[PDB]
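Read the single chain below, which is given as structure tokens and is the form deposited in one PDB entry.
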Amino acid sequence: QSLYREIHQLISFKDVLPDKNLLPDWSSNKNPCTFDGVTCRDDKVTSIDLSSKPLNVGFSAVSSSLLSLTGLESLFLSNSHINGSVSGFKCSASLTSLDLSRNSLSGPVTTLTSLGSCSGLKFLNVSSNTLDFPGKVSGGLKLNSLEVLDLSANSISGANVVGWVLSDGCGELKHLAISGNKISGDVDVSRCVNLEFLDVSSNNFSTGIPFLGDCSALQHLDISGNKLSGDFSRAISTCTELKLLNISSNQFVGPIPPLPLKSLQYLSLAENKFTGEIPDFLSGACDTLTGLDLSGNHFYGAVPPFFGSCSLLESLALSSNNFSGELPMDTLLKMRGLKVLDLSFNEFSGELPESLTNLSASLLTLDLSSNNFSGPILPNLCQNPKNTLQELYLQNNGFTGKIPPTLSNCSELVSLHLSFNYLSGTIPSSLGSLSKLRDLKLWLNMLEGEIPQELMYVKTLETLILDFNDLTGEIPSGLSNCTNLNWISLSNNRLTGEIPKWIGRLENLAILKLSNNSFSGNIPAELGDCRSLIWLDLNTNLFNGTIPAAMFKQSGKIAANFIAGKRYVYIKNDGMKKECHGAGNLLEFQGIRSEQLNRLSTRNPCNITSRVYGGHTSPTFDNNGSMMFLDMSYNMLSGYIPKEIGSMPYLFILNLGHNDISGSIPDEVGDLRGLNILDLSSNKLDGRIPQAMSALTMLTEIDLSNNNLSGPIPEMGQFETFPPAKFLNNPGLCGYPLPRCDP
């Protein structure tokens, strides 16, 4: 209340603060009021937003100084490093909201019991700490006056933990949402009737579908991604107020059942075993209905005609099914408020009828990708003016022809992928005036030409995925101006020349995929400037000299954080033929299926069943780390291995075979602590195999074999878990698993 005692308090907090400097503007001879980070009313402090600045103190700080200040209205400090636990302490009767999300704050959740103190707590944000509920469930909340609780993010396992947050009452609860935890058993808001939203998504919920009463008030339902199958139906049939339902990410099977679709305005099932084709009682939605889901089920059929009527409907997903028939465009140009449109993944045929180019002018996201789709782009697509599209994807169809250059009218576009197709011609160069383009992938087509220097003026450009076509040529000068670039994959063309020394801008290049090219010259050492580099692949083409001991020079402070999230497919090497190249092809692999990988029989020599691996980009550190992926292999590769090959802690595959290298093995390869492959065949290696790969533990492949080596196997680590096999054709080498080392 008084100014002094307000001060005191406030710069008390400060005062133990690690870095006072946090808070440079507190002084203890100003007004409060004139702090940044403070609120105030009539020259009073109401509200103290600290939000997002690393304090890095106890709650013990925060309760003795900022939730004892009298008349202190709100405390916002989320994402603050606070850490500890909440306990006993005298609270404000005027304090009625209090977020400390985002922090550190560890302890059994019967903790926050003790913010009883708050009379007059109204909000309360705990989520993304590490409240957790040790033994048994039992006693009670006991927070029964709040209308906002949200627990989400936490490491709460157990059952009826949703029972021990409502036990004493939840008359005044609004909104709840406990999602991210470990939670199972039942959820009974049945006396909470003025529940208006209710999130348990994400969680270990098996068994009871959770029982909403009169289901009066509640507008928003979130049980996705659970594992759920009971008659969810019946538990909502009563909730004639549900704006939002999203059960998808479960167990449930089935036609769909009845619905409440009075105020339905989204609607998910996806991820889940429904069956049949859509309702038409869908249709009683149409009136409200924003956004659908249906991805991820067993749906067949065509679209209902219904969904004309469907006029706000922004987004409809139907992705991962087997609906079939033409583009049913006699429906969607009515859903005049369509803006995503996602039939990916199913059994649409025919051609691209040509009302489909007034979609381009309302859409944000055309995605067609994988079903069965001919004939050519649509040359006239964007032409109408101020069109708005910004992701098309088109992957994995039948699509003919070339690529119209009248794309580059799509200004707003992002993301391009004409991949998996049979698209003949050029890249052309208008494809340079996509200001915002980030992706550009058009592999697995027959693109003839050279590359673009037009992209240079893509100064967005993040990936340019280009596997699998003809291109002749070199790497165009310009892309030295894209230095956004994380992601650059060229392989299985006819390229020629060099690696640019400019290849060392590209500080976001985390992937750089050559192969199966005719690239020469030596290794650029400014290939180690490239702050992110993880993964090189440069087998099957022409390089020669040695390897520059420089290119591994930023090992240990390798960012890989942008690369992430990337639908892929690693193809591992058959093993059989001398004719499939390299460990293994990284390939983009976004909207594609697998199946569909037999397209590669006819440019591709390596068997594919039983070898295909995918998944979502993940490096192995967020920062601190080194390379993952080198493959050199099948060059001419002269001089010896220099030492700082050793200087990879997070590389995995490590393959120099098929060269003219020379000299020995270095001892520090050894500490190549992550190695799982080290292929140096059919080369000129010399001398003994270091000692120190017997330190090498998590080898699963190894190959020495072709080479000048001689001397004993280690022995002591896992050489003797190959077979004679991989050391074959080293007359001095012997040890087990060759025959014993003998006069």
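Residue numbers count along the first chain shown, from 1. What changes on going to the form deposited in another entry:
Treating the change between the two forms as two rigid bodies, the C-alpha atoms of residue 579 and residue 223 are best fitted by different bodies' superpositions.
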Second form
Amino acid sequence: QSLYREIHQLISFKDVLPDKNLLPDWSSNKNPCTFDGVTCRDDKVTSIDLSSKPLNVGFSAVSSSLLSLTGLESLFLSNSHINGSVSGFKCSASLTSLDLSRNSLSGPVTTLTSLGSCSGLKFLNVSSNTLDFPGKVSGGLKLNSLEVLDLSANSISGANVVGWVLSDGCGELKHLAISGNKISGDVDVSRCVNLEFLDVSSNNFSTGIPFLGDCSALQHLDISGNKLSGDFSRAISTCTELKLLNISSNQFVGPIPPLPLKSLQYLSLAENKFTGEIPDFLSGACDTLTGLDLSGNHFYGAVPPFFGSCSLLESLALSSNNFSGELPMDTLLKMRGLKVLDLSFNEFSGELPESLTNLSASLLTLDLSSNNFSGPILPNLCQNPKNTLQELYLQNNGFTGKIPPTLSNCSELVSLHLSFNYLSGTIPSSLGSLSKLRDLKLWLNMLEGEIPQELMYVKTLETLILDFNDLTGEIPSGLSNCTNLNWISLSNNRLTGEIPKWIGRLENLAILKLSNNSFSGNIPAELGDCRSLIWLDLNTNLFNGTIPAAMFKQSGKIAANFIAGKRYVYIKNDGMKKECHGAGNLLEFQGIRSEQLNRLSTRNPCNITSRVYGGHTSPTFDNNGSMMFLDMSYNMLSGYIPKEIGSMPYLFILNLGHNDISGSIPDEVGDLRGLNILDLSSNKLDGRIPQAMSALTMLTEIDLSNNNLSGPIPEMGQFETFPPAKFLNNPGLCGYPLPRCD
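Could the form deposited in another entry be shown next, to go alongside the form deposited in one PDB entry?
A lone chain is what you will see next.
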């Protein structure tokens, strides 16, 4: 307790740190109560917080210098790069809280039994470490005094690990968390009569439901993300005080069983296989319910009317079921607190309820996507003094009419998604007033007119998806102002003009898809200034001139990390139909059912059956990438292929077919390691296939037909795997699959 001991113990810790500048104001002839990270009371150290500092030392240093400090009551070393493992040590009787979370502690969890030296320990967070339970489950943690224990996000695989933790007693335990491991077996917390919080989620529990005994204090029960299928209703029947029940992402079946509803605030049965209709007994929860999630089940029927009495409800998730019918406009108006309404992926029908025109003052997310709704979009939505709606998802319905210009009064809008409908008219110029909008998606509609110049006022715009409409005119120069644009998709319209040279100012542009339009002029070399471009599809236009060598300037220097995480669809071209152009169509696909892709048969000549790939967008690099997709087929390009085309290691697809390209194939093609598809067919190419193409080991498809190439086909490589039709109409070429070179 002397200042001598305190300073020497604390400075001895600093003097084992690899980087001592992490504790710069810790100095030996200076009172510790003036140190950053120290907490004092009456000139005595009571707590130390060095969290989020890269200390890079072992637990042995912490136990010898800090945990032994007399009077220390708490030590917070979360995310501090403490490795090693726990061992015996002398612990201050005053220590009540120890936070060693988000570190690299290792060894068996039995190491934690030596923390019993801390006679006063009541709180222990050793989550996000690498502790394990190798071998057989035996003994006990023997930390009876703990009130809060978090062993989550470790490497604990085993059966009945919970029994080991609770073996020596759990009368004082109020909060137990063991999520994110691979624990299995039994969970008996019947003796833990003061347990208020239990989180055994994201484990490998596939047998019995936890035994909660009398359940007299349990307020929070989280068993989600396992493989449970038994009778949870009976196990929780006596739980009178339960406020949160999350049983989602399990293997439960059958109808919604009886539930304890007296105190229930949050309930999630999502991502299971429950069946039936929403039972009316749940009405008994409308006095307390603040959140409900029944998504990802096999529920059906209509939304019951008792939801009108659920006035405290702030989130109603019912998506991905077989719910049907029109929704009650009389029940929604009573949910004054509802801030999330997700009804997506069902078969609700009818017109939008006028209730929404009122709920626009409390809602942040309105998701009705992938339903059977019809009629016009509410022309009076967001008429309230303060409209808080941030996300409007109405895509993949049967909505008709015009896009209401009133939507600009939704000032807080961040995402507008009206794609896959039958909307007509123009893109309202008033949308330029949405100063916070990031996503404007309206593709597969019947929109006409031009792209509003007024989008120049939306500095926050990131995605502009307008494919498969009837838009005309040129690309408005006002988009140069939208400097955060990373995804621009304007395919299958009737647009004209040129690619403006100001495209180079869009530092964040990753995807530029302009196919099947009437764009013309030369390819702007300024495309080479786009530091983020990874997907350029210009197929089926009227572009002319030569391919500028400068496009590939940023090659190697590209680093698009911003686009990652966006739902998409890629419709591969079979090549069996001559009306279908291009390698394939990359299309945004948030909140849309792949089943409705057959709506495209009236706009696209391609066959979609069994050709649809999907996922969330994921670039193959982070910092030193190149262009991944380049399609400029079916234009009128001329000149030679710049040898800088081979500068892109990450290019998967290069489609330059159906042009007037001249010259010879530069040997640099062979440097395109990742090239899965390459065709230069229907062109004016000359010479012989560079022998360096044998470096290409990832080709699944090549087409060099309809050219004037001569000479032998490279003998090594993948060239022999391809049929002769991929080399046909080239009088000078010979060698298997063709006749051997005479």
